[PDB]
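A single chain comes next, written as structure tokens; it is the form deposited in one PDB entry.
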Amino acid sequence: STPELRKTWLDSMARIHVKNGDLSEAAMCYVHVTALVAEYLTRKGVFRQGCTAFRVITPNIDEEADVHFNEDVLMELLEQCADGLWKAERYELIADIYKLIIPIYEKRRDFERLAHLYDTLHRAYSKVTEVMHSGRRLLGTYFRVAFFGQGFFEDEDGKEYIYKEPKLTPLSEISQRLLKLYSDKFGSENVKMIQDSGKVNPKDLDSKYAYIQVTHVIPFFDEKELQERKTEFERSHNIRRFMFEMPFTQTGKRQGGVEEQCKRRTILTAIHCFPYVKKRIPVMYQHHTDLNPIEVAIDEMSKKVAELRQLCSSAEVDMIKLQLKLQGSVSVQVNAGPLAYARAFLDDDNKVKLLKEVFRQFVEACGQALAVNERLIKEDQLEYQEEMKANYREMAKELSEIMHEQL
């Protein structure tokens, strides 16, 4: 009766996820229950595959390795996973469930059930093209969370998690929520937020306090993964690794001038993939890679050319967002400006070469952005557009003074 007991726990977890609006975690709970019934029934010779058939839906399925269990029960559970995944807005995964039941319905000649599942699949793929175009699907945002204070957290002390939050939950929201939660259960004066995103050395914490560290992360993928995961959905599903970028300087640290600014990229690996049957998952392993100030400079410049390109390459261009980015490259008011990188590194280690390359595409990109904007502006700008053009010319002149080149 372990299988029955596991189902009971998973069913109970799912209900809570449903009340909380965490419908992907409910859906994984349905999938895990269905996987365990399928495993059981395949062993009995009643169904042709167990657990591993669901691995495409979630690698976490490995964790699951009566006449309360039979074909009818499996069928209803499959139907539940399909509707569960619909509600979680993970449309792309519905066919993986339905492939498992289709042959059963065919064998039973149940044509009304076949009609129903195909209608769902059609709607699912329609939603997919729809949200792929509109960006209105928000599958969640992620944070590293770690607690500190033996006296307060008991066993939770020092443990790091990745938290998967609903929709577009911002740092300000989760950090204030957790601050509240524990302020309430320990007293506001005994709870401290650690803002520093670096490793916290416990030896410099005050035992008198409960500390909470929250840091925003995004899913991380290497080159090989970026090539296998070709859509936003595929980069939002079955994700185990997360990354954030932290400023430092050698004289330690964080925020400095361009000449001194380093960056540490930290990759964190969770023990399970998201989404899972829980919305927070222990960190298993981590590591990092540091970049030089010239490397940081190269990094930021590239993300800017790619950005301006994407904006221009669009079928239909978003003018405001194009203007936001263009203005902020050529008409900088507040920050140091793109040129500060050129002065600091391109004024007469030979990966100086590469920063030069990037700056070459940047001037062309801003160039393209101007051309595009010219055709979108409705006169009431035009002066605005003129200035940016003037700014852009001026800027090109200087980069030549520095790179001794055209542009």
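Basically, rigid core = biggest C-alpha set you can superpose within 1.5 Å across the two forms. Residue numbers count along the first chain shown, from 1. First, how it differs from the form deposited in another entry.
Superposing the two forms on their core leaves just one of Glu189, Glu112, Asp290, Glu228 with a Cα displacement of at least 2 Å between these two forms, namely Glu189.
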Second form
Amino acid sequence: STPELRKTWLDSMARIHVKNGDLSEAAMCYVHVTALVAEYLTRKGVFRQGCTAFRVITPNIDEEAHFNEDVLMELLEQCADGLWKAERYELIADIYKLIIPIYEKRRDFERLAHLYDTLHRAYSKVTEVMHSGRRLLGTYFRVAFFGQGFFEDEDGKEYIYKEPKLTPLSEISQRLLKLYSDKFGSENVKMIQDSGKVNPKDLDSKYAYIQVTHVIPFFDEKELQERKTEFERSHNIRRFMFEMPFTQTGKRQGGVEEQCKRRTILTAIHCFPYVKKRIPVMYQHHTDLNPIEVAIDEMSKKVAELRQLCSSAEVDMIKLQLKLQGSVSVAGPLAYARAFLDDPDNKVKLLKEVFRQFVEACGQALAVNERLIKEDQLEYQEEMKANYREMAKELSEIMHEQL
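Please give the other form, namely the form deposited in another entry, since only the form deposited in one PDB entry has been shown so far.
Below you will find a single chain and nothing else.
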């Protein structure tokens, strides 16, 4: 029986995920099983919706191309608690909406009381973590294997790996090394500690090669408009991205006048979270940026960073000073102005405008900070005020305008 075997595998995946503490993957296994039973029951005229009712919880549900209402209800309650344990609170309501009419028809008021209790706690949690930042749904990595000799069919395959909370590159690296050192023996596993696109045409067939690269979710402007919250940018994600330095001529790093940046976007065959913690890369492309585009890019990140720190009602003083001091008390940003704003390409209007917002935000942060210190500083603040004012001068000079 196909569906029951599917349910069998999914249920066992879930036990594995729970044991491993990979709760969102366990959660996805429940959702997938629930969707399957829902689809079946919908075809028999027992249940109302089916597959697509869960499509908003995960688009991977598509893949789900004895069972009764009571089993369904129990599975729905399992999805809800699994989603709670995974800390994906925003999603619990999509599950509970499907069982609410059943409890009402059954007059099961205590079950209704309980699910509404969970929903209340869910949304309370949502506003809490949206403020505090304490929810950590995971970090992402491009992992690529090289070496027919020891990987065999695994050679030449790239995956996106989803790791716990704030897993650093080193941590997944050794868990991977140690895993294939037990598999293949220590002396035979090598980590390619670099993210450049490698041609197998210069590896040594004597060794197993693993390449690990930190990547972050990638979104286009439209997606950024549709995905309004940090959660919505952390759920149902299929695309990831990293940047590497290059110059047209020689080394990868160089002078600001020669520094280029290649941005690579990778698409997985499924979205995360999924019923597995790794997913094959389906496709990829890249976009190269010019030295001035690099400049604009990095300048815009800083202004936004300073703005956001200032715009805060709950200002973090240390983080403000960190970013502020690293902005005025360093060359520095001036190096851009010098190479890109003195007597090319008339897109230059943008650089100037970012710089303007830059001086303003620095100014605003200087202001904010003057009101934050306990005199044990003041001299520090004054120096930063000094430095700041000095650089404004040079900008105003080169740009032949105020600042």
